[PDB]
Amino acid sequence: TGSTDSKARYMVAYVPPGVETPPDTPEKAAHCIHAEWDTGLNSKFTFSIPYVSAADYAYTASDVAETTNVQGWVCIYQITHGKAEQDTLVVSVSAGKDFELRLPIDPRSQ
Amino acid sequence: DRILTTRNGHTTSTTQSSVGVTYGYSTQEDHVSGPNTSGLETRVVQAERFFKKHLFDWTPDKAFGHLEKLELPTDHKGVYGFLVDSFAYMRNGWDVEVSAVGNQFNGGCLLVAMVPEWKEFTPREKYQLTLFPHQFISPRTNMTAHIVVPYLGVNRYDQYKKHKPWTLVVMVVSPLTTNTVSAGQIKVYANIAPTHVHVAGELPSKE
Amino acid sequence: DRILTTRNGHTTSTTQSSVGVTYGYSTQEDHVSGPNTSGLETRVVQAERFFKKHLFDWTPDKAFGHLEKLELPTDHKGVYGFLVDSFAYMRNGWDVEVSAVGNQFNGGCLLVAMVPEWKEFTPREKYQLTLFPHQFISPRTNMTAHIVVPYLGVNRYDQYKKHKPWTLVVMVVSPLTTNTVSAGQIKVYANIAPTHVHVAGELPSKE
Amino acid sequence: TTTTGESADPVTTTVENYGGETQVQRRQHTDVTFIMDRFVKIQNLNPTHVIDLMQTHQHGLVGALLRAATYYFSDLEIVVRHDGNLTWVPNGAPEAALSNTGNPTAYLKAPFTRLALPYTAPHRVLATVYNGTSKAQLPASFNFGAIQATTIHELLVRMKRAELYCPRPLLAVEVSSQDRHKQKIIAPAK
Amino acid sequence: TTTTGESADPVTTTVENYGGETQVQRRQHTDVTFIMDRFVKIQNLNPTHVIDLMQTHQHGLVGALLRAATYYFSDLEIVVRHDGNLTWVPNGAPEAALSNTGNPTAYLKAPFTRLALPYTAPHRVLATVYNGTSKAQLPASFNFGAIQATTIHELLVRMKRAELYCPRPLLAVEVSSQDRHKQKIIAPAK
Amino acid sequence: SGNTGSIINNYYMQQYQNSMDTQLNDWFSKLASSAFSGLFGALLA
Amino acid sequence: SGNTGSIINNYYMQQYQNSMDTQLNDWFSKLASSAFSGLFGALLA
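Chains as they are written, first to last, in the UniProt record's numbering: chain A, 616 to 725; chain B, 298 to 504; chain C, 298 to 504; chain D, 726 to 860, 881 to 935; chain E, 726 to 860, 881 to 935; chain F, 216 to 239, 266 to 286; chain G, 216 to 239, 266 to 286.
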C-alpha cells in the first residue's frame, strides 16, 4: 500500500518441521520453498502454502503438548526497500483449490 | 547358479555362495506420489548405493536366541545421510546383504530377518521370527543372505529422525561350532543400499 | 510486458521492472557427457534453485569505475554446496538476477556483467566491460538485471575448489544521484541459481 | 501470481506455480445443507416457548454458522422433553391458541417428542440481523411457531434442507498465546 | 521333499509323497475379516474414554489376533452401557468437544447404546507397534475417537471389514507339563 | 439431500414431510470458479 | 463380507454405514500358493 515513490522487494518462505527455530535471514531461508517479488504496477502477490506432511490429513487444533509447530512456519522477509519506511504490506488468507475440511465437531464452550 | 552380482548405483557386490534373494511383503513399491507431498517430492538416485556396517562377532559362546539388531536408517555419512538432515520427509526401501564369512568346516545357523516396527521380542516370541522376511546363513551352505524390502508405515513419507520403520535382525538359531580346520569366529557384516529414495520439504540451512 | 517471473526448482522470482533476459555466449549448453567422465556423471536437480547474496551498498560517493565482484561458485550452505564437497568434478551454468531497489527519483547507472576467467581489470580496461554478457540498471528504468550463462572452461568438468570460471561483476557507470524524494542509498543483491548441475566422482566420507 | 489487488477480483493461485501438483478434494462436510442438518440445544426455556433459531448458542456449531449468514430458509425438526401434552401453533397464531387441542398436540410418550415442522413465516426468507424496526432485536415474525406444555425441560432443533445467503464474519477463539491456541486433543490413556 | 533350507522359500509337502491323499479344506473360520468381526470387552474405563483397540486384552481372541499384525484398518461398532447421555467425537477433536450436543450424542435408552462408527484416523492404516516418537507408547493419533458420559459401565468394540498386514508372533500358553497342556474340556454331566 | 441416509423412501408424502416451494443460482460457487490462477506476464521456467 | 448374514439389504446407505475407501493384493495367499511340493530329484516308487 505504499506511495508511488516507495519500492520494496519481499520474500516468503515455507519452512517445514525439522528445525529448532525459523531462519532469521533470507539467505538461510533461500534453501526452502520460496518466492521473491518486488512492488510495481500490480500491488498484489499471492503464494500457495503447500500441504507437505507425513499423514494425509493434519489436525486443525493444536495440542498443549506440542511446543514447536507440527506443520512448520511461514516466514516473511524484506530483502530491501527504497524509501518505504512508513509503507505497509497487507496480508490476507484464503483457501486453495484442493483445501479440504472433514469431520464436523462442536468444540466451543457453551 | 549360486553366483550373484547386485548393482546399486556405482557400487556392486558379487557373492559366490548365495541362496537367492528373498523379497518381503511385496515385489514393487506402493505409489510414491500421494496427496501428502502435493507433488513436491523428488527422487535422489545419488543416494541409492551400498554403505557398510559391522553387526557383530559370531562366536561359539553365543547361544540360541542371541539377537543383534540394526534400526534403519542408521547414521550415514554420505549422500543419504545428508538427505535426512536437509529434507523434512523421506521414504525408501532397502536392499540388504548380510555376510558371515567363516569356512565350510564351521557349523551352526544364523537367522537374518527384516522387521517392521521393531519391539523387543520376548524369549518365546523368538521362536516365530520366521514370520518376518528372512533367510538363514549356515556355513555348510552359504556365507550370504539377501533380503529386499519396500518402504511401509502408517505414513506415506516419514521423518526418520523420529521413526525407523525397518530393523535388521540377526539371531543365533544354532551356535557356531568349530573344528581344527574351521574358523574360530565369524564376523558378520551388512552391505545395505537404500532404494527408491524420495524426499520432500527442503529445510533451511543451519548457517 | 515488463513483468517477468523466473522459476528454478521450487523457487520463483517475480520482477515488475525488468528489461528482459540477456543470454551470454550461447543459448544452450555444450555436451555434458564427454569422454572425461566415462558416463559416470549424473544430474542433480535438487541443486538447481535460487540462493541469495548481498553484493554491496550503492552510495553517492562511489564513482565511475567502482567495481564489486563475486566469484562463482561462492560458499553455499545448501544442496549445491554439499555437492562441491562430495564430488570431485562438477559443471553448471548460472541464472543470475541482480536487483538494486531505490526509487524512480534516484539517478545513475550500474553495469552488471558476467565475466569468464576473472582477472583484475585496469582502469582503462573498465571502459570495455560491455564486451562481456551484461545489462545495465538505471533507477529511471529498471531495478533488475537478468543474465543467463552456460558453463565453459578449458575442461568439460571442473574442480570448483581450485578454479572459478565465472565472476559476477557490478560496476558504477554513472554515480547514484539523490533528491529530497529519492532513496539515499541502494542495496544491491544477487539472486542466483545454478543450472544443469552435473557431478562425477563421488568422494569418500570424512568420518 | 501477480494481480491488481484493489479490484478485489478473486485470485486462487496453486502449487503448480513452483512445480507442485494440486490434489483432489472432497468437500461434502462443508456442504451447507449437510452441516446444518443436526440437532442443537436451545437452552433458555419456559413452559410457553416461541421457536427462534437465534436462541441457539452463538459459538455452537449450528448457531455460529447460522449467524455467519444474513438470510436463510429451512424446514425444521424438533425434539422436546416435556411434562404434560405438547401443543404447537404456527407463526402468527395468537398465544391463546396454545391452550387448545385443535392445534397439533402431541400426547406424552416417554422419553420425549420428536416432530417435523414446516417453515411458516410470512417472509420468503428470514434474517439473522435486521437493520430497522417492525413496530437491536429481530422482528416478531421471524419465528417457527411456538410450543407449550406444562413444563418444557429440553428442546433440540434441527434445520432441514437449509439455505444460507450473504456470508458474515465467523470467529475462532482469540489467541493470547502469541503463537497458537493450544488445547487438550484426545489421546489414548496410559 | 528335499530342498535348500537356507533360502527360506516356502515348501508345502503332502501325504501323497507316501501314498496318502490330500483332502478338501474349508477355511472360512480363519478368514481375517470374519474372525475379527465380533464384540470384545475393553475393561479399563473412565467417564471420558478414548477408543483405542490396543486396550483389548492381549490374550483375548480379538486382542491377540490384532497384536499378531503390525498394521491394520477397520471401521467400528461399539456397544456402551452408560448413565447419562453419550457423546462421541472423531479422531483429532479437542477433549472439550465431548461436552457438546452438536457432536453425535445418543440419548439414554435402556439397556445400552449400539453405534456404527467410521474409521477417522489421519493415517492410511494404524499400527499395533510403532518404532519411534510422535512428539514404548503409540502415537496419540492412533485412535477411533472418544466417548463421554456421566458414567461408562461397559464398552464392547467390534472391528468391521478388517484388514491386517505384516504378521507378528502369536503365543499359546507356555507348557510346564513336559508333554501337553491339559485342561477341562466340556463334557456331559453325570 | 443433506445428512439423510435411508435407502428407502419416506413412509409419508413429501407434502407432509416438508413445506413446499413455489416459483416466480449459486453465487459463491460462480465467484470462486471465476478466480484467476497461474501467472500474470512472461515466464522463464 | 465377514460375519454378517442378512439376506436383506441394509436400510441405510453405504455412505453412512461405513467409511469410504479412496484409491491412488494378497501377499500371503501368493506366498503360500508359491510353495514347492512333491519331491526334488529322482524317484523309484
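I should point out that these hints are in silico values taken from the structure, not numbers from a laboratory. Among the hints, a few may not be true.
Dumping the calculated DSSO-like pairs for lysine-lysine here, alpha-carbon to alpha-carbon at most 27 Å [stated by the list, open to error]: (1) D:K834 <-> E:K860; (2) C:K374 <-> B:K503; (3) B:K484 <-> B:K461; (4) C:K484 <-> C:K374; (5) C:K484 <-> B:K458; (6) E:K766 <-> D:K935; (7) D:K927 <-> E:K834; (8) F:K271 <-> A:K712; (9) D:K860 <-> B:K458; (10) D:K834 <-> B:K458; (11) C:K503 <-> B:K484; (12) E:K834 <-> B:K458; (13) C:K423 <-> B:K503; (14) B:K503 <-> C:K484; (15) E:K834 <-> B:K461; (16) D:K929 <-> B:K458; (17) E:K860 <-> B:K416; (18) B:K503 <-> C:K416; (19) B:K416 <-> B:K503; (20) C:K503 <-> B:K350; (21) A:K659 <-> C:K461; (22) B:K503 <-> E:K860.
According to the in silico footprint, chain G covers these stretches of chain E (three or more CB under 8 Å from chain G) [said to hold, decoys possible]: (23) 737-749; (24) 784-790; (25) 828-838; (26) 882-896.
Backbone N, C-alpha and C define an ideal beta-carbon position, used for all residues, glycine too.
Okay, the hints, checked on the actual structure:
1. D:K834 <-> E:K860: 52 Å, violated
2. C:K374 <-> B:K503: Roughly 8 Å between the alpha carbons, so the hint for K374 (chain C) and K503 (chain B) holds.
3. B:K484 <-> B:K461: The given pair, whose Cα atoms are some 25 Å apart, holds under the 27 Å limit.
4. C:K484 <-> C:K374: Holds: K484 (chain C) and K374 (chain C) sit about 23 Å apart, inside 27 Å.
5. C:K484 <-> B:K458: 40 Å, violated
6. E:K766 <-> D:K935: Between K766 (chain E) and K935 (chain D) the Cα gap is close to 18 Å, so the pair holds against 27 Å.
7. D:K927 <-> E:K834: 36 Å, violated
8. F:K271 <-> A:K712: 14 Å, holds
9. D:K860 <-> B:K458: Violated, at roughly 69 Å.
10. D:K834 <-> B:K458: 61 Å, violated
11. C:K503 <-> B:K484: Since the Cα atoms of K503 (chain C) and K484 (chain B) sit roughly 25 Å apart, the hinted pair holds (cutoff 27 Å).
12. E:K834 <-> B:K458: Violated - the C-alpha atoms of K458 (chain B) and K834 (chain E) are around 49 Å apart, more than 27 Å.
13. C:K423 <-> B:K503: This hinted pair is violated, its Cα atoms lying about 39 Å apart.
14. B:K503 <-> C:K484: This hinted pair holds, its Cα atoms lying about 25 Å apart.
15. E:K834 <-> B:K461: 47 Å, violated
16. D:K929 <-> B:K458: Holds. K929 (chain D) to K458 (chain B) sits at ~25 Å (cutoff 27 Å).
17. E:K860 <-> B:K416: Measuring from Cα to Cα gives roughly 19 Å; hence the hint holds.
18. B:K503 <-> C:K416: 33 Å, violated
19. B:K416 <-> B:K503: 34 Å, violated
20. C:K503 <-> B:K350: 16 Å, holds
21. A:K659 <-> C:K461: 39 Å, violated
22. B:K503 <-> E:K860: 22 Å, holds
23. 737-749: holds (count 5)
24. 784-790: violated (count 0)
25. 828-838: violated (count 0)
26. 882-896: It is violated: at least three residues are needed, and the segment 882-896 of chain E offers just 0 whose Cβ sits closer than 8 Å to chain G.
Hints 1, 5, 7, 9, 10, 12, 13, 15, 18, 19, 21, 24, 25 and 26, counting from the list given before, are not met by this structure.
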